[PDB]
Amino acid sequence: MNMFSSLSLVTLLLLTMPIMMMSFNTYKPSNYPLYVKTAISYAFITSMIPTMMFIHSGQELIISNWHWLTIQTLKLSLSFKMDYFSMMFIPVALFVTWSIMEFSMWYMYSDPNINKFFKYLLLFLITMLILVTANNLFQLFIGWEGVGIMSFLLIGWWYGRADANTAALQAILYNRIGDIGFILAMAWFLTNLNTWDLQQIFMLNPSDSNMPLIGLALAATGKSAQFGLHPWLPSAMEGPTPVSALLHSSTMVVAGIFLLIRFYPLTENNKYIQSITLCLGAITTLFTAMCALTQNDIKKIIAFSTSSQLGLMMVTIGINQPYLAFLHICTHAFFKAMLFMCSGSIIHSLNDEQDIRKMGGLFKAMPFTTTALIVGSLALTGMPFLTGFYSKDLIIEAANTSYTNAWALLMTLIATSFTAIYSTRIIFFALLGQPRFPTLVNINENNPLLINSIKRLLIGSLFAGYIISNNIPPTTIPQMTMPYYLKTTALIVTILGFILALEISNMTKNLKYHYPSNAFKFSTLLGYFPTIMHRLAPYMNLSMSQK
Amino acid sequence: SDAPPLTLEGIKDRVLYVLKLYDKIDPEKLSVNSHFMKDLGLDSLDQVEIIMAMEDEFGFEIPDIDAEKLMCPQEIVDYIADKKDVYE
Amino acid sequence: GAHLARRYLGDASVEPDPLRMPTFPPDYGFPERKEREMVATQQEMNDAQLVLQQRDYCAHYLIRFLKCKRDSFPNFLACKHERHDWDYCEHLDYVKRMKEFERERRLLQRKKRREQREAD
Amino acid sequence: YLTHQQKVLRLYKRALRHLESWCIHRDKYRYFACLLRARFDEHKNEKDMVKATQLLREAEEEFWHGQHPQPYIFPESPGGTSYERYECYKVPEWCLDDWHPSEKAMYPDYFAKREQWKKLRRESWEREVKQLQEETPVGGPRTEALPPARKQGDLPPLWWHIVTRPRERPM
Amino acid sequence: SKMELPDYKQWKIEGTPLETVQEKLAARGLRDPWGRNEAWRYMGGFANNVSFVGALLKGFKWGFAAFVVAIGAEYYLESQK
Amino acid sequence: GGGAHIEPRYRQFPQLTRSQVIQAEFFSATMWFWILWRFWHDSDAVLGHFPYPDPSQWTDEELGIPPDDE
Amino acid sequence: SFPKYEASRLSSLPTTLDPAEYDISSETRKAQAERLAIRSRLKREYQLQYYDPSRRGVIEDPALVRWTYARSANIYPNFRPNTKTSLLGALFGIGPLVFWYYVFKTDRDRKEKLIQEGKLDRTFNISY
Amino acid sequence: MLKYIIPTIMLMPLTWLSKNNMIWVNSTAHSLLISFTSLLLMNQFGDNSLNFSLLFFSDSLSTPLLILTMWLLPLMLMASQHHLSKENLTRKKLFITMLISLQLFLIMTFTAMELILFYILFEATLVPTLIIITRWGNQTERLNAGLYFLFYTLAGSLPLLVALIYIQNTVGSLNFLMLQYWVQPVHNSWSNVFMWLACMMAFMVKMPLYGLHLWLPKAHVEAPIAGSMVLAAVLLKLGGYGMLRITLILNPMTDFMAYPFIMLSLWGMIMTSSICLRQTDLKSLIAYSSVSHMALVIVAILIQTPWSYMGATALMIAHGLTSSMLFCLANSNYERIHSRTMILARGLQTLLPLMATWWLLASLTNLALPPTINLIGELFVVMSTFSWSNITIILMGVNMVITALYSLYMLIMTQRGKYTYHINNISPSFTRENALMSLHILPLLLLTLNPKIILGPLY
Amino acid sequence: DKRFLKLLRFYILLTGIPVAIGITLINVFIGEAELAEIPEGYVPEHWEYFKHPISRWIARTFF
Ligand SMILES: C[C@H](CCC(=O)O)[C@H]1CC[C@H]2[C@@H]3[C@H](O)C[C@@H]4C[C@H](O)CC[C@]4(C)[C@H]3C[C@H](O)[C@]12C
Ligand SMILES: *C(=O)CCCCCCCCCCCCC
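For the record, the sequence lines run as chains L, U, o, n, k, j, m, M and h.
The entry's author numbering puts the first residue of the first sequence at 1, with every later residue one more than the last.
The entry's author numbering puts the first residue of the second sequence at 1, with every later residue one more than the last.
The entry's author numbering puts the first residue of the third sequence at 1, with every later residue one more than the last.
The entry's author numbering puts the first residue of the fourth sequence at 8, with every later residue one more than the last.
The entry's author numbering puts the first residue of the fifth sequence at 11, with every later residue one more than the last.
The entry's author numbering puts the first residue of the sixth sequence at 2, with every later residue one more than the last.
The entry's author numbering puts the first residue of the seventh sequence at 1, with every later residue one more than the last.
The entry's author numbering puts the first residue of the eighth sequence at 1, with every later residue one more than the last.
The entry's author numbering puts the first residue of the ninth sequence at 18, with every later residue one more than the last.
One chain only, chain L, in its complex shape:
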């Protein structure tokens, strides 16, 4: 108990101690970059001690450790919600962060402001952890903005690049829009209900919670980059790759779904939210892949490749799977973030080249890079027993074997195969074929530090996702019984994506001229949603402002 709670709160305060050392003193320069990493390394250990106790005891502890404010009949505190999600989502985030931690200590050697770089990387981590552990909307709101702001600087690290300034505000524009539902939700729980503490919210079990949940639906629309407020998520790839690896691949993007899960007791009864959320992911989960089938940017493609995974997570919640969707969060983060780092290896040896068509001949010229690229893809595509398959097979269970919209299941599998399609298009140019990079060879990855970074993040997907399944205790009645094809439909359509893309990929070798096609451009040009909605809408708001 005491030991469990006490040792748990150290991580949030422990992580902040290096930050307190940046605003004060000048004792030891040139060593902070390692200082932070070891703290996470140490933090991870203190993030695993709660792991043991929680699994054995399942001790969900809400700790109110202050009396901040008090209005008539309200009270705010700097409390934390030590429960399943924090105990199980924190270890993964640090694990990924720990990998990314040492990844960035090498890639950004070209930045004199590297020390500043870490002055914010550690900041975001703090806010994200506070967000998930938050017991109240307000404190939860704070993290909802910290991720919003910490992204602003990290997104726009190179403030000179016009893409950063435009993209950074594009996301901030969207990120703020999502909060409209968030602030609305607080108002409703303050008017109809009377508090922002989840204890009262769940226990009272609202009978008409359409409005508060509708705000939650909007919250995830922009923050998690769902369709309708999606375009910004790819836009983050105009800046540092390590920055994209954590914020927009593993940590910030998970915010949108997280709130719905954290309000699981309320979301169950109202199916109005479920349908639109179920449909919202449906339109997004394919619109991301449908667009992604022909995109030609290594970093953006990964963003779209991440987008579809996120788009499907909403469907997982849309099918009323509270704790099963949670797994998809951790499982996806491992490799995809590693893929960002792997994409870093490609960009490193390429000396600032990113076009997918300017890559190849890397199977043996990039042996280590080739090593982990397939696992993430195979795990991403749903290779059995791998980190991504567990969710992919499990998640498709209820959706295809429980009450769901007819059209909802339609795009559910069409894009599912597309998930593997671009992976083959990627590993093809990335690894298959003879080299196509510029004449001079800058290829070198005999860097021990990165190998440590790749080592740590290569292992987790292979084994950690498998391990994570065992310890977690029962919370649901698994639908182990279903028609064999439905149980194996993923096991049926999975191989189709590789082959179908392989059918598409190899026929392009032949020396035959090309032919334009509208759909080839509709998906390639992002469905024209960004190309249009990011011209007129700025023009409407601004060109019409003067009058």
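No wet-lab data here; the hints were simulated from the structure.
Treat the hints with caution; some may be incorrect.
Straight-line distance between alpha carbons at most 30 Å, and here's what the computed DSS-like set of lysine-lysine pairs gives [claimed, not checked]:
| hint | chain 1 | residue 1 | chain 2 | residue 2 |
| --- | --- | --- | --- | --- |
| 1 | m | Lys4 | n | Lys20 |
| 2 | m | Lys105 | m | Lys119 |
| 3 | m | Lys43 | n | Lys125 |
| 4 | U | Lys24 | k | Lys34 |
| 5 | k | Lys71 | L | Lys364 |
| 6 | o | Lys96 | L | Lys271 |
| 7 | U | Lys29 | U | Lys83 |
| 8 | L | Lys358 | k | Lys34 |
| 9 | L | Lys299 | M | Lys418 |
| 10 | k | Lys12 | L | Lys364 |
| 11 | k | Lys34 | n | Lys51 |
| 12 | n | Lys54 | n | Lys14 |
| 13 | U | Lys12 | U | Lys24 |
| 14 | o | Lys34 | o | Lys99 |
| 15 | o | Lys99 | L | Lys271 |
| 16 | L | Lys358 | U | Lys20 |
| 17 | k | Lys91 | o | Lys80 |
| 18 | k | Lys12 | U | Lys83 |
| 19 | n | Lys54 | n | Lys20 |
| 20 | M | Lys418 | U | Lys84 |
| 21 | U | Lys12 | n | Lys20 |
| 22 | n | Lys158 | m | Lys43 |
| 23 | M | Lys218 | L | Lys547 |
| 24 | n | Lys126 | U | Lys84 |
| 25 | L | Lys364 | k | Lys19 |
| 26 | o | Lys112 | o | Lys96 |
| 27 | n | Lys97 | n | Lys126 |
| 28 | n | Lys158 | n | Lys125 |
| 29 | k | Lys22 | U | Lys24 |
| 30 | U | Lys83 | n | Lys20 |
With chain L fixed as given, assemble chains U, o, n, k, j, m, M and h with the ligands onto it according to the hints.
Okay, now just chains U, o, n, k, j, m, M and h with the ligands, sitting in the frame of chain L:
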């Protein structure tokens, strides 16, 4: 990215070696300062192809206006040396 | 969906409505139905700390799964066999769920022929 | 302006790049490149100015529906991956003046030569004014081209910042 | 530093598809002006490369060989109780 | 930076080292190790947990359904 | 085939399809040269200050000031009884305001009666 | 309340008798010192306010505004001395004297126990401002904006004088404490509808109110940095003070008269926010930005909900700290490029590292970053509108968005950009400049640690 | 730019450091009072209704 250094002496053959694979030139007649149109008996349309190879060779675009005047290998070296600020 | 297809693309009346199911009397010619017991009374479920959806008839098996799990710490591969007892017991219920439906399906299909001749 | 003769090139090189990204594969690229250059050599000998003027409208009306959905762009060039990514680190030279003394004490040697660099930025300035007043047409200078210094020891006017412009990689 | 640049006649089209363009160019009545330019994309140590099938099967020989031993060891470690 | 332990080439295969190539095969070979080393004992997962009965193979008596006359 | 793009406010035409520039006659040669020399003279006029060591300050651009000056248009132009824009322009600034007048008012009038009859839920409402 | 009035007065001999070169220091040293004693005014009581005598008194609401004013005089001096260094000795004493009087009127204003006395001081407070704005103005374009201040007296002050007098004859007294107990139900009549307009239109213009704001954008465009700070930090806040107090006697008439006022803001917020994105001036952009935040307060006061008043108090505080810092921050560039144009200078983070840190710092709290008081109040008010009306969230959401859009833009346009090549006088940040910003940002966050001191009287 | 932080760092610490020390010293040795009942006939001062010493003292001296 450790260090991608650049040296004028090392770059010397990089511009010239590009010409060493051309199928419209005798390698031995070619010189460091040889004008392409007259000394090498070439044309602007032929000269366009050489300029393009430098972009695949080194990896950086070339403006249309300044591409034409680079009729001397030294000038091409000057463009590469001067644009990247390489002096030794 | 064969069942989805046959219902609407076929005659709609024959198939019981999934939401309203069950919709016919329990004793529609079904005599002497043994009761379904509950091993774990209200007290045990309350103290078990289980999700209501996680609570059902088969849940009385589900209690056995974790009891070993808690003592199984730190290892996790010690209570595997106990799981199948509940899961297979869960497996039976799913078939029952399928069997429960048919008694509602048969009556609607059978009743059509009886009424068809009642007015043919 | 710029004449149509040079306007031919502006599609010759550009059309290849979209074709280049379309070609992808190396053997395809050269072969298809030969296909394009062969088409150029269909009319390369055409010396009819009316037709040569008229043999460019369709080409531009032909390329629009062949342009790449995601055309490739070089890193350092505008719109590329490294498009001004390091402009945030490049620092103006003229700010050297405001350096604090103690800070300047670290590099006594370098600043010593600068005083001579600025020296010819001052003394040479006066004659640089007249140096353009013989190459100065009335009605405003016709073009922005500049001459060299027709003597020894001076430098072509309007040169200070470019010569002292920072380097590509500040770090 | 010195970056010894090898011979410039090493790059060639013989035995590689680069000349297959030349062979088909006879019917086209032309020749690639840069025939020797891009011979490296198939020369210099890039002749053989495992295709898609090989990529997934990278290194599976050793794991496949060791996999059979591991599964059998269960029988070895289980037959004797 | 140990004195340029890698000397870059021009239009050539990289000047790699064996050590980097070594560990690549371990996990790459071990990649399928866990996939199949558990397929043998987790065979149900990739090939169904339990068979799903075909509905058409049921009977009224097992469902206690009075026939039309009954 | 290749349906020519419809020129739009938000999509400028491609440079190599405008018929104006294909032929460059005196009617275009004259204009092109004049702007360059005019632009050159500005560069020359600006080139002195930029490359003159003496200056320590910020150039007082005459173009910028006028651009800023024109923005602060207060009373100098425009006529009071100009029906083209006064009536309609005034609507954009007074029209939507009344629209909100009924929006919120109707609900509050609607809301109040429900409370007077208990037709709205407030059982756990305090913050007001 | 005398213990703060006389020492404020004593600065005048100190501003005058002092030596030539110690004029700045002496006032700065004590002025900072006086504020320390100002903190004593936080001895509030749960049920009763603090009633010293018949001439002054400060409740919970009054004190936080008092602290800001006293806390703000030394900061105004710090920025001032740079532009005044060239001025002759005698005038500097003249300008400095006005501030001391300006503080004197303000501190007496918010503490006034009698409304007419408040009315008297209210008019007096303007006089020092006009001299400061006019005598040391930054422009010579003769805008001829007198009609607005003539309109102020015609539609504002002068009607207020009659209503105040009428109340005393009818009710029998204008002491707010008496009003608490002799307040009578103001039934509906055309006369009262006229009386209602007399008690509020006077304060609406000063807030200001959308449509009636034409003076504020042109008031800052000319007022020096010393004049600007008090205007947006204090003078704008006068209206809310009286409006909160005066509205004690306008019920139930306010239950319907507020709608034309409420609609002006509810829609006024968005209009101002959008135009800022089009503005071509660092100060003017702040001007309308000032109208934005002040618009939120007007809605809070009129609806008169227990949460509205709590949130309103901080909005005046945070905005006063916010805008005041922004002017100083913006006026930091003015000390180099001597311009208000926002596009004349760009990419200043390349040359003013620590300056950009303030810019990012200040802008963060401008858009109500959590948990700062900028958001505690603003977020307090948004919830209150929901009980009054659920639809309001649309406009508040839009306003927050655009307020988040332009706030970062101004930061983006200047700091996050490429340096102006021709500019050659970007000297390193001075100790005074950085010090001034630091005094602003720091306490602004500190109050977030303890919100119980600017929660208003309802807490 | 670096120098400014020298003043900000030290000046806050010029009396910031003793502030915690003075508080900590009092807490360890004087600490905090404990609630007691009201013996009949004992009417405390105004400052005798508070627990913390600094809070207790601040009442008597100023408020
Ligand atoms: C008290 C100690 C000062 C020791 C000294 O005299 O240098 C302080 C000042 C410098 C600090 C260290 C530096 O920040 C970096 C050290 C090496 C690793 O980064 C881990 C933390 C690390 C171990 C730190 C521990 C502690 O905070 C230190 C050691
Ligand atoms: C609909 O969701 C699945 C489409 C396939 C329907 C199956 C039709 C053929 C087999 C029906 C008889 C066997 C029962 C599955």
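Broken hints, numbered, in rising order? The structure conflicts with no hint, since it agrees with every one listed earlier.
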